[PDB]
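Single chain ahead, written as structure tokens, the form deposited without ligand NKV.
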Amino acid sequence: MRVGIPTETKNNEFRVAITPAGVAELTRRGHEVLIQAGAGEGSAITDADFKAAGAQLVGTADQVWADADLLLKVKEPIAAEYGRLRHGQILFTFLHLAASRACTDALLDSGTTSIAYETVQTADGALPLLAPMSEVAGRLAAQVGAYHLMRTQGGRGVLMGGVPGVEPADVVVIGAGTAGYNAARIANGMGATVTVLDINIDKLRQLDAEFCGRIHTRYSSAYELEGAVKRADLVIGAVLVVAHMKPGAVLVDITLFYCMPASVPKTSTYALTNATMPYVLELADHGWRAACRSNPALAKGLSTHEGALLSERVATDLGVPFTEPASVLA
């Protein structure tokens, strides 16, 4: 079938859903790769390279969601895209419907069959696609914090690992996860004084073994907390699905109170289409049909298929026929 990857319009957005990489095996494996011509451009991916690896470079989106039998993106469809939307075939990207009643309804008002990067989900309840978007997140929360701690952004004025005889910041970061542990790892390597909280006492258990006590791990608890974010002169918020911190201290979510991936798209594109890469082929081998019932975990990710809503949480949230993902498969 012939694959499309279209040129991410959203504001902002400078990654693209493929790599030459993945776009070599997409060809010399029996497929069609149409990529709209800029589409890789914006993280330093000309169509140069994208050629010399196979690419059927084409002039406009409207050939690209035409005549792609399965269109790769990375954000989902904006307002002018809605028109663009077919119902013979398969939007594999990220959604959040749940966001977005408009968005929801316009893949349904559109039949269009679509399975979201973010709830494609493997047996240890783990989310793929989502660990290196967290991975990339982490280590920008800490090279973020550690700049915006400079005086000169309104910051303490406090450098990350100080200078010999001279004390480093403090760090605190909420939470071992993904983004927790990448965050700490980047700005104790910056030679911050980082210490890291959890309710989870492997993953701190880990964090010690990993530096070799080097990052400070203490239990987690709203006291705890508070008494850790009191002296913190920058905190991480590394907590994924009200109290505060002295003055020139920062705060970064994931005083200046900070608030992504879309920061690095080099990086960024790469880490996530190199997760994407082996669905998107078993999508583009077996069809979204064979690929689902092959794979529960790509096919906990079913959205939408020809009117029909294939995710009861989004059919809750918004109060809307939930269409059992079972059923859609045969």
Given for the second form:
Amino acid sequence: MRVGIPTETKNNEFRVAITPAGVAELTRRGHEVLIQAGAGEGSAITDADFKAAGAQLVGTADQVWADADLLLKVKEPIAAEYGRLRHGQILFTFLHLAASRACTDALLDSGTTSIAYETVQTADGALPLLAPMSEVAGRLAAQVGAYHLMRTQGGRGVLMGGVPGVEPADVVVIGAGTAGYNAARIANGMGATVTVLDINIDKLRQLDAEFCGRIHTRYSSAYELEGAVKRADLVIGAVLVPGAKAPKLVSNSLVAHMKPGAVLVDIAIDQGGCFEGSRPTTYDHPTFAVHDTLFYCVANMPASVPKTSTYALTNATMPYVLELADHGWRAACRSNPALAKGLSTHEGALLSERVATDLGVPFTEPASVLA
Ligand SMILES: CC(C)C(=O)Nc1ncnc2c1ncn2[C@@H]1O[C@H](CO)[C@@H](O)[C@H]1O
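Can you return the structure of this protein in the form deposited with ligand NKV bound rather than the form deposited without ligand NKV?
Below, the chain from earlier opens the complete complex, with every other chain and molecule after it.
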């Protein structure tokens, strides 16, 4: 079985779906690895780096899509790639099918077998392929929040950690999942006074142990949310409700009572955002004004650090890539329930009940295609 990796084609998507380490492991097990020339340059992975690991480098995207039985990507296929979808191909990437009926229809019409990184789910409820991206997005959230607090960036002009005798920035992280924990940790590492809110007290209990009380924890009632947001210099919205679209926790009305020049970073913006006035924005123009405060809602944040996030993503996908490459989609999903929960399409059948509800489309029970 051939494994193919094309260059990512979306705007500012610098990541790549495999590293030389993954190539060497695939090549070692007797698989051809086809990589489009330049696919890894955005992540500081040179064409020579891939070749030396055993990859057969290919000049165009067309040949990768055409010759690969298992096609690894980072983002969903865009319109220019629908014509490349094939019936005898397994596509393994971030899909976000509920957000695109056109992508969903393209996969279905193609008959291709697709598996979504973000719904791969282990028995304990975790999402091991989304998690490294949530980790990166959290840590980024603190450092872009820090930057935009500078007066030269429209912020209040407050240094994250203060200096001796001067007040640190007051940072509120909403949500203590993978992303919020990581945002809280870096914001606290920078010297800020960090308060993390959640409705799951056990998550608060972990934070209280891990930083010995230094990261403050508050139960996330509507009252407590309003109070802390009013006093904050930087608000990080980290409520990434799995599958569900993010609730609007910070209304534009509450934004108008915020400190002037306060900064809001929404790292749930790949799910519509957890602020009311959040709209997906880009890396060139990152911020916009909401009642004399600054909103940051850049989507696909981990792509801005592709050297980090390409490795974080593909370290996590590699064992599923090996199972797929060695056994094919059906046996691999039979053996591994976590991989099965990512099954999205196969031969015109939509296999995700959540997507199928959200779009109004025939839902095929995943058991029918596997057993
Ligand atoms: C007033 C209402 C609007 C409210 O308080 N809402 C919330 N406030 C803080 N945290 C919340 C939350 N709803 C979920 N979460 C947590 O965010 C993490 C996401 O991974 C999860 O751990 C989850 O428990």
